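There are 2 protein chains.
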Amino acid sequence: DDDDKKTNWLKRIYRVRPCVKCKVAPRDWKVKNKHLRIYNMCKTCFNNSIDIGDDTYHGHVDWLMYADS
Amino acid sequence: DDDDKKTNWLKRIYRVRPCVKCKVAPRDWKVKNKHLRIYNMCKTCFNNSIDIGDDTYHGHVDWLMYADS
Ligand SMILES: Nc1ncnc2c1ncn2[C@@H]1O[C@H](COP(=O)(O)OP(=O)(O)OP(=O)(O)O)[C@@H](O)[C@H]1O
Ligand SMILES: Nc1ncnc2c1ncn2[C@@H]1O[C@H](COP(=O)(O)OP(=O)(O)OP(=O)(O)O)[C@@H](O)[C@H]1O
Ligand SMILES: [Cl-]
Ligand SMILES: [Zn+2]
Ligand SMILES: [Zn+2]
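Chain order of the listed sequences is A and A'. A prime marks a further copy of an entry chain. Here the first sequence stands for residues 5 to 73, where the numbers follow the deposited numbering. Here the second sequence stands for residues 5 to 73, where the numbers follow the deposited numbering.
Wrong hints could be hidden among the right ones.
Intra- or inter-copy, both count: the list cannot distinguish identical chains.
[Unchecked claim] Computed cross-link-like contacts, BS3-like style, restricted to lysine-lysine with a CA-CA straight-line distance of at most 27 Å:
(1) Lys36 / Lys9
(2) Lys47 / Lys25
(3) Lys27 / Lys47
(4) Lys36 / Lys15
(5) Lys47 / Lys36
(6) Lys47 / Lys34
If you're looking for bench data, these hints aren't it; they were derived computationally from the structure.
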């Protein structure tokens, strides 16, 4: 089923690329309508980036959650 | 740059999962507005599926080509 191909891919993408900052924890994310937003950092590193004044790693990638647009 | 994270991922996704039918050739695809449609089969297997009367492998997965929805 093509929706399952998309879901399996999103599980893999989320699993295999951890937080860009600590390189260990999984990334924060949210659901944004029909999209999954995967932020670049875990929550702990993101909150810390605000404290330390670094926006270098801020950002996200949005993924359509379904196989058909 | 977050758009590059998306583009690099789409290159990887396209590369690592060949045609679901012959298991060798890369899949057919097209650009569908702001989406990349990756069909399940290469063109040769898709055309052949029409000739042989099998719709089992018909289908596709659409991917947003940009990091921000
Ligand atoms: N965990 C995180 N890691 C990296 N960047 C993040 C993280 N959380 C938020 N950001 C950055 O913070 C900014 C705000 O994100 P957010 O998803 O809240 O945007 P939005 O579209 O304004 O949604 P809303 O206004 O409803 O919160 C974006 O630059 C986003 O990439
Ligand atoms: N190479 C292929 N492998 C598997 N399935 C395919 C392939 N090419 C087309 N299909 C299937 O054929 C059908 C038509 O696809 P297509 O992308 O042409 O749809 P569409 O949204 O009707 O666009 P248009 O009407 O502009 O052609 C869909 O079920 C699609 O998955
Ligand atoms: Cl996507
Ligand atoms: Zn982290
Ligand atoms: Zn094939």
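Outcome of the hint check:
1. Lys36 / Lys9: Answer is both; intra-copy 20 Å and inter-copy 19 Å each pass.
2. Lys47 / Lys25: within (11 Å within a copy, 42 Å between copies)
3. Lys27 / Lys47: Within. Shortest intra-copy distance 13 Å satisfies the 27 Å Cα cut-off; inter-copy 40 Å does not.
4. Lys36 / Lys15: both (17 Å within a copy, 24 Å between copies)
5. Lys47 / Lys36: within (17 Å within a copy, 34 Å between copies)
6. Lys47 / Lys34: The answer is within: 12 Å in one copy meets 27 Å, while 36 Å across copies does not.
Hint check: no violations occur; every hint is consistent with the structure.
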